[PDB]
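Given the coordinates of chain A, work out where chains B, C, D, E and F should sit on it, guided by the hints.
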Amino acid sequence: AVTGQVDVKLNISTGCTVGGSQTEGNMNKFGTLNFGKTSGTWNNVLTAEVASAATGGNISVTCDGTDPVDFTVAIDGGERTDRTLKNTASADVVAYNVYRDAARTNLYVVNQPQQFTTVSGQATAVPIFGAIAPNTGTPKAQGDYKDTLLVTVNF
Amino acid sequence: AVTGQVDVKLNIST
Amino acid sequence: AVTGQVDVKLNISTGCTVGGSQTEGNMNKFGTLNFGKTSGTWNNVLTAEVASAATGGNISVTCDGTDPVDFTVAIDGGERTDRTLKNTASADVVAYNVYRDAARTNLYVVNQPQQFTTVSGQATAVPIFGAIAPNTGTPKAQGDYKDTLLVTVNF
Amino acid sequence: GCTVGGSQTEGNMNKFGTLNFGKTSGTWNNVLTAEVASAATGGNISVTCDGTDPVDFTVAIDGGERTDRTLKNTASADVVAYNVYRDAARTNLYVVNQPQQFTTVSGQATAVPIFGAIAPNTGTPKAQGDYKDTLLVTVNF
Amino acid sequence: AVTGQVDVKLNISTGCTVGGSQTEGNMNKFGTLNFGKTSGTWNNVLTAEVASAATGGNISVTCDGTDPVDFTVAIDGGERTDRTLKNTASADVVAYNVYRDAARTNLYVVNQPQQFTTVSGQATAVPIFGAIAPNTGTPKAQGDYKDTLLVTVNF
Amino acid sequence: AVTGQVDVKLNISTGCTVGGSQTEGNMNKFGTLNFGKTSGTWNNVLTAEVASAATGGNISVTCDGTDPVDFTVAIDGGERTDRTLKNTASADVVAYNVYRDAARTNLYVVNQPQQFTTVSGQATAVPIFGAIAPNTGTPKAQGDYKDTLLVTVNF
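Chains as they are written, first to last, in full-length UniProt numbering: chain A, 24 to 178; chain B, 24 to 37; chain C, 24 to 178; chain D, 38 to 178; chain E, 24 to 178; chain F, 24 to 178.
Excised from the complex, chain A in its bound form:
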């Protein structure tokens, strides 16, 4: 019998809120990274942007205050922690990555706070640009591949 304590805390004062999300039960549904349909072996880098579940556009984070707040954005490694989509039925995997800039250069490194700025009376967009490498080796099995990345807007 090892009984222990867990201090719970919350500082209600002046915070920042994330728009574009829908409450899926008790977990914020931020959006979808839909690469679309594809064949077994694709030569072109498959690339799609996150579509917020609430509006359809990009996640719009706004802060509540008058001074420009600096908030951070961190995305995790997905269900299996290595950014791989898994086929619903078979065990095939599809490696992918999420970048922050339009040219697929600034990568959202696993469990890292990619910095962001936000001014009063404005909503800043969180571009989560997906990208998949060209698979010109083995044709992955037919079906639907999925993953649930947890995006962590933290301060």
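There could be a bad hint or two in this list.
Below, computed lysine-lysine pairings styled on BS3-like, alpha-carbon distance capped at 27 Å [unchecked claim]:
(1) E:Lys109 / F:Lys32
(2) C:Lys109 / A:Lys32
(3) C:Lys52 / A:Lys32
(4) D:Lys60 / E:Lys52
(5) A:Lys32 / C:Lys60
(6) F:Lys52 / F:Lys169
(7) E:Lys109 / E:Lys169
(8) D:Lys109 / E:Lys32
(9) F:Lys109 / F:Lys169
(10) F:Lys60 / F:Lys169
(11) A:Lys52 / A:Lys109
(12) B:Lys32 / A:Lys52
Output of the computed footprint for chain B on chain A, the stretches with three or more beta carbons under 8 Å from beta carbons of chain B [unchecked claim]:
(13) 43-57
(14) 60-73
(15) 148-156
(16) 159-166
No wet-lab data here; the hints were simulated from the structure.
Beta carbons are placed, not taken as given, at the ideal position from N, Cα and C, and that holds for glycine.
This is chains B, C, D, E and F only, laid out in the frame that chain A set:
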């Protein structure tokens, strides 16, 4: 700390 | 004068130990559930994970032996027994809950042994995922809200 | 598409299995009963579908060499009437040239139970020897 | 369209027959393993013997010939393949097992040919001794529990 | 290949239980009929009562309910089916019999349900009185003679 989910999808078929 | 007996017992043989805790005086400090800063009325579900007081990551329970032991995890209802954080100065309360899975579905029911597995030469993590409902009604007073959940790793 | 496991390619024809009733006397009072044994593994034919979503495939068995489900003696002209059922209680019969429905699910191989059954012959003793038949099982979509 | 062949065979020459069975439609009804009535929690091992459907006594297998034939007996795992009786209405299960000897020691292992001997002009009995463990934990729901073991007399 | 069915059944509702037994593996050990030591040729009828393996006294059958249930008791013919004890080493036999009443009159006939009554909140004893005829003819060989009678409490 606002943690949220982003469903990733890909339909490998044709 | 009602004098009575209390039998004390301890079976020293082959037990299981919880890592990630720090001994706060004579009580094991397991960690912190830090939701962060927030405004009076938040529309997004505030959500944070427990951070072990010893390492900063998740509580890592390991057992001492060779066969996989099945240990249980039970969390209580907090200081007031209804999972509410209380403002340090005023009497305002903030209802919350702790879940076990990443999607805020498998709730750690009050005083219930949520089952867990553990194999030899490995440490299993105890995910205590916090979650707070969207308060879009009354703005709670400014200040710091706290609670001390007692996590009970028992066999 | 969907594929059938448990078969061995006999030349250019898929050998699915054997319905071995075993040895018996001229006149048997008990219903002789045996299950199909796949030629590849020895167990039941395991059909799996190459897909993610569930697929509904059908199974049809024909009437044998002579089209009336009769085993024939290799040498003489004696016949032994039989039937193949789908369920363990010999009730759901695989009707001649009929698609008995079947389901198959994500990442799994479904078994095709072909349960044989022979009526009690308590009338005339069939001649000694080996009785055979080749049922053509038709897994179609 | 995957069309395949199934070779059917039967060697009519000199075989062995099982007595004590009744033809239920096109399936041989060998008998009944009736443990009788019982309460929710029984402390004594419930134990009963198979009663042939044709005579009421034990299944009497006789062979047709002059030399002593060695025939085998195999019993399967029941409807659900784990030797559990199921309540007709609810989903409660009652684990049991069938043994070959009177002292509940020689178990009829699942899908195994327990050997047997048989001489000319004699019928050998097939003792299928049932046995149920003492349930002194949870009281199973009221009603009738059933199972249909398929006994496989093979050569 | 003669495959057949064996229907298994159990009616969990309101049953009767037998006390005084110990579970020997998966078979209920009811007791011992110890006639004691004796010489090759005894002139007096050797006579002893069953001693329950659990308590040492008589088997105490109790029923679980409020109305007086009428349960039956049946004893079989022993290992060889003719109530004979066999020497562990040699083939000598010692004929015996089990009676129900104290005067060795009401015999527990082979495979017969000798009736019995039982009321609520009470345990009824099952007197299994052994008796051996006076052997004043041939002296049986030295050693230990044994038998295992199967007592069948059925409803």
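Here's how the hints hold up against the structure:
1. E:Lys109 / F:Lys32: Holds, at about 9 Å.
2. C:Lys109 / A:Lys32: At roughly 9 Å apart (the allowed maximum being 27 Å), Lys32 (chain A) and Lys109 (chain C) satisfy the hint.
3. C:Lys52 / A:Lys32: Holds. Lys52 (chain C) to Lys32 (chain A) sits at ~15 Å (cutoff 27 Å).
4. D:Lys60 / E:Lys52: Between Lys60 (chain D) and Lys52 (chain E) the Cα gap is close to 21 Å, so the pair holds against 27 Å.
5. A:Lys32 / C:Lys60: With Cα atoms ~9 Å apart, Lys32 (chain A) and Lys60 (chain C) stay inside 27 Å; holds.
6. F:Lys52 / F:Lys169: With Cα atoms ~15 Å apart, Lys52 (chain F) and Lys169 (chain F) stay inside 27 Å; holds.
7. E:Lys109 / E:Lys169: holds (5 Å)
8. D:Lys109 / E:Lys32: Within the cut-off at roughly 9 Å; holds.
9. F:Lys109 / F:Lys169: holds (5 Å)
10. F:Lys60 / F:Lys169: holds (12 Å)
11. A:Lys52 / A:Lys109: holds (20 Å)
12. B:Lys32 / A:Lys52: Holds, at about 15 Å.
13. 43-57: Answer holds; 10 residues pass the 8 Å Cβ test.
14. 60-73: holds (count 6)
15. 148-156: holds (count 3)
16. 159-166: holds (count 4)
Violated hints for the displayed structure: none, as all numbered hints are satisfied.
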